[PDB]
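On the provided structure of chain W, position chains L, Y, P and R as indicated by the hints.
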Amino acid sequence: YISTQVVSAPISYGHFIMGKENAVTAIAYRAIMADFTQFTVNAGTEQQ
Amino acid sequence: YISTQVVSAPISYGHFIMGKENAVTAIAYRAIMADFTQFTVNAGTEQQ
Amino acid sequence: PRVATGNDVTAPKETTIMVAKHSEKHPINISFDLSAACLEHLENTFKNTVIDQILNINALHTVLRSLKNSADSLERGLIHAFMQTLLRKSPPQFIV
Amino acid sequence: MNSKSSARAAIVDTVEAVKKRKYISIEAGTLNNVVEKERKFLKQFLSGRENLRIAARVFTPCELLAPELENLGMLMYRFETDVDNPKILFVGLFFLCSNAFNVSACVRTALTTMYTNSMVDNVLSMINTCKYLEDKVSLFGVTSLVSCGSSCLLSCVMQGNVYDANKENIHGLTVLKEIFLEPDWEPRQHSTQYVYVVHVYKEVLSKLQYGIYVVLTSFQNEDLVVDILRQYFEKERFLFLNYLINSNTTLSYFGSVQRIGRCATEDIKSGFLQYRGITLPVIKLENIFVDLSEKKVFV
Amino acid sequence: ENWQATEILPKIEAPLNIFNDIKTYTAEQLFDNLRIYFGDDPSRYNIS
Numbered sequence: 290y291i292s293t294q295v296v297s298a299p300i301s302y303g304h305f306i307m308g309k310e311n312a313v314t315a316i317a318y319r320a321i322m323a324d325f326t327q328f329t330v331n332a333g334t335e336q337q
Numbered sequence: 290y291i292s293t294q295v296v297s298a299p300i301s302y303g304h305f306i307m308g309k310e311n312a313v314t315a316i317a318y319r320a321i322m323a324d325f326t327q328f329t330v331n332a333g334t335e336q337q
Numbered sequence: 098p099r100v101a102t103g104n105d106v107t108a109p110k111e112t113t114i115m116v117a118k119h120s121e122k123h124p125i126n127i128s129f130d131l132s133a134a135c136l137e138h139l140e141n142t143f144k145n146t147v148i149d150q151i152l153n154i155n156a157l158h159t160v161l162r163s164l165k166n167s168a169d170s171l172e173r174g175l176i177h178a179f180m181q182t183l184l185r186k187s188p189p190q191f192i193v
Numbered sequence: 001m002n003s004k005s006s007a008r009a010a011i012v013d014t015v016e017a018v019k020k021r022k023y024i025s026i027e028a029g030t031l032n033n034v035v036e037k038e039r040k041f042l043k044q045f046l047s048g049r050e051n052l053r054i055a056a057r058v059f060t061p062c063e064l065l066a067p068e069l070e071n072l073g074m075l076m077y078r079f080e081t082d083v084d085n086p087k088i089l090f091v092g093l094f095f096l097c098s099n100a101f102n103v104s105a106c107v108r109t110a111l112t113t114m115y116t117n118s119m120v121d122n123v124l125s126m127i128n129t130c131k132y133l134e135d136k137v138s139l140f141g142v143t144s145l146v147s148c149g150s151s152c153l154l155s156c157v158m159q160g161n162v163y164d165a166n167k168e169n170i171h172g173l174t175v176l177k178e179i180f181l182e183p184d185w186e187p188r189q190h191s192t193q194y195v196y197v198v199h200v201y202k203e204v205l206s207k208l209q210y211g212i213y214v215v216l217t218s219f220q221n222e223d224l225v226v227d228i229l230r231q232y233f234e235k236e237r238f239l240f241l242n243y244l245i246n247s248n249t250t251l252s253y254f255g256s257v258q259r260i261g262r263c264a265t266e267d268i269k270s271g272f273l274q275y276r277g278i279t280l281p282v283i284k285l286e287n288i289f290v291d292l293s294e295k296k297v298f299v
Numbered sequence: 002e003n004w005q006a007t008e009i010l011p012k013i014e015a016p017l018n019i020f021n022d023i024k025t026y027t028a029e030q031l032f033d034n035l036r037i038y039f040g041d042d043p044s045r046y047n048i049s
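Chains as they are written, first to last, in PDB author numbering: chain W, 290 to 337; chain L, 290 to 337; chain Y, 98 to 193; chain P, 1 to 299; chain R, 2 to 49.
If we strip away everything but chain W, and leave its shape as in the complex, we get:
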């Protein structure tokens, strides 16, 4: 039941970079929302 297989792996890290949004909330409210911008643009629309 053992065979070598050719797999398509990652080779580097992912990235996560703040925006100005998350920087200001981290400064003033001690906190971070992940996906604050994608979150906000879908906040008021139908597809929440």
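Hints are computed from structural coordinates only; laboratory data are not their basis.
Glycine residues also receive a C-beta, built at the ideal position from the N, C-alpha and C atoms.
A couple of the hints might just be wrong.
20 Å max Cα-Cα, derived PhoX-like pairs, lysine-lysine [as the list claims (entries may be wrong)]: (1) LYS202/P with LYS165/Y; (2) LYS4/P with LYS22/P; (3) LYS12/R with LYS309/L; (4) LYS165/Y with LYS207/P; (5) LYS40/P with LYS22/P; (6) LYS309/W with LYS309/L; (7) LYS202/P with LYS295/P; (8) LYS165/Y with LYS43/P.
Here are some of the chain W residues that sit facing chain R, going by a computed Cβ distance under 8 Å [what the hints assert, rightly or not]: (9) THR326; (10) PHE328; (11) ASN331.
Coordinates of chains L, Y, P and R only, in the frame set by chain W:
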């Protein structure tokens, strides 16, 4: 010393409308930052 | 802002002062009531008779006049509450 | 059938029935004279056929309401007073469960240390100098909207679910875990139980001591519940049979039961209150349709 | 701890995160913070 003169006065209430940003932070962190888009667009620049 | 000091005096340090003012919150309200006979004659003409039309227009003018009086009362409540808060803030003149 | 469509039709029918109860169609001639604010108010024209709960505004000196200005939802008691200036005065269930005898000494002292001041001491002296309890102080309803000004404004619910406004955070009755007990063979039999308040007196050789009990049972019928409470209280009933003859104080029974209202079985949850750090175990009933029936005494 | 962010805010679907029932997990306290309600709690709405 007492006169009656014409003065340019306001006649309506000032407005304020909560942003989508402030709505998201009000749901998340129980807080509103006033002037939040200014703190966003003046953060990483020279003119903080 | 500081001032440069002369001989034999310690120059003071860069004084930075941070304060925070909170918001008082204060509601106001006005009640007015309508009678049940006024509520009955406000919403329908039972038969289309002359007396019933008179009472319908009286009920309508009752509702309108009470709405205008209540809106005026909210304006004057804003007046009085703001004067209340300025008097609670204001210290008198000999102290000032 | 389609199913989804009929479901939307029923939901639209319920929303339109709520609007039919809420607003009123106007058959005034409705001429174009008025300003737009009066125009939109004459188009809407609310009436109070929407809340369907019965409240009462109440003024009480704020020295008596020590945990109850913070913890919304409490039984309240009307104490009439021979003072003309205040003819009635309002009382917390915990404020009266202080000198109730059911409460153990640790909980009693702990609550008292909440309730220690001059006003509350004088009122407890008045309550003790009263002869009986049940018709000098009385049941009044369930707490919502504490204001806490100078003289604190208390709303209080006579009938219906407990809420101020917006029909949000529907509060619940808070019963001290020690004072309540459920006499039935199967506790929490099938479904929603009726919550009662039982006042039971007792005589320790000198004076009468009252006890405040809260029972939860599946029985609706008051004859059945007093028949189960006699079986529960048959010993002390016997002691009062000896007391009530040699006494001369104007009372004629052992205790009395009165219905608070409905509950739900799954809406019973435990917890604890805390005021000034005193952790205090309670059984928090969650959603209560308040329904005061008459007092029914048993001897 | 606030739960109304979970109650309201945008969510990302996840397929077959639990192969097993979460009834046992809720009833026997696998978790550190959990909030469960059967009837629909209307307290999601008082956004202060």
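Hint check, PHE328/W versus chain R [nearest Cβ-Cβ separation less than 8 Å]
holds, 6 Å
Pair hint outcome, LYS165/Y versus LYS43/P [Cα-Cα no greater than 20 Å]
holds, 16 Å
Regarding the pair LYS309/W and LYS309/L, is the alpha-carbon distance no greater than 20 Å?
holds, 15 Å
Hey, does the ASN331/W contact hint survive, CB to chain R under 8 Å?
holds, 6 Å
Straight-line Cα separation of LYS40/P and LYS22/P no greater than 20 Å?
Holds. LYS40/P to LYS22/P sits at ~15 Å (cutoff 20 Å).
Verify the proposed pairing of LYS165/Y with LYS207/P, using a straight-line Cα cut of 20 Å.
Roughly 62 Å between the alpha carbons, so the hint for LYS165/Y and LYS207/P is violated.
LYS202/P paired with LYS165/Y [C-alpha distance capped at 20 Å]
violated, 61 Å
Keeping to a limit of 20 Å between CA atoms, is the pair of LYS202/P and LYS295/P held or broken?
holds, 19 Å
Does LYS12/R pair with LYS309/L here, judged by a C-alpha cut-off of 20 Å?
This hinted pair holds, its Cα atoms lying about 17 Å apart.
Distance restraint between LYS4/P and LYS22/P, which requires alpha-carbon spacing of 20 Å or less
Violated. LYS4/P to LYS22/P sits at ~27 Å, over the 20 Å cutoff.
Holds or violated: is the Cβ of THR326/W closer than 8 Å to a Cβ in chain R?
violated, 12 Å
Comparing the model with each earlier hint shows violations of hints 1, 2, 4, 9; every other hint is respected.
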